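Not every chain is included here, but those present sit where they belong.
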Amino acid sequence: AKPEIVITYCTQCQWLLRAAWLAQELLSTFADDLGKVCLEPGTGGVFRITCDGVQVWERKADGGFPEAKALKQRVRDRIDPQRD
Amino acid sequence: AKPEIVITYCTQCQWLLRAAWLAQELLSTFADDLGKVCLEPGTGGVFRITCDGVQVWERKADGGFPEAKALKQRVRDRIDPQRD
């Protein structure tokens, strides 16, 4: 089974949009290397992204929201270390 | 555990777009009743949607792709039978 990505986003905060945008950014560049990307509704300003359980991004810790390039780089390092 | 929706789409067919559109259609109308909606890359003209493992749509069987309303109705019937 291929790596699973989970994007937990605050629904009341209207973060579905950016969450689905990032999911598509990932699914289009790692179409072959990803098992599936899940969007998980959450609450309280939550915005976290995990790869096979390992946190790859969290709003507070990383200070905001990821640029597509930065997020792809972090997923690349965990899924396919060597990949330009 | 809230109901999990899985959308398996053909990547080579360029169906990511419509798959992410339907995922957002679902997440915005069932934000509180859905555990998570997953997009799962597949192949060979596949386009299937499951709710807690139960098939709610399949390209061939249902003849094409779902209208948002139709898909929401099928998910409603399984997740919240009584809901206008």
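By letter and in written order, the chains are A and B; residue numbering begins at 1 in each of them.
As a convention for this text, a residue touches a chain if its C-beta (ideal position, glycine included) is under 8 Å from a C-beta of that chain, and two chains touch if they have at least 3 such contacts.
Undergrad: With 2 copies in place, how many does the full complex contain?
TA: 4
We adopt the following convention: only the chains that are shown with their structure count from here on.
Undergrad: Just give me the whole-number Å value for how far the CA centre of chain A lies from that of chain B.
TA: Result: the chain centres lie 20 Å from each other.
Undergrad: Quick one: in the complex, what on chain A touches chain B?
TA: 6, 11, 16-17, 20, 23-24, 27-28, 31-32, 34-41
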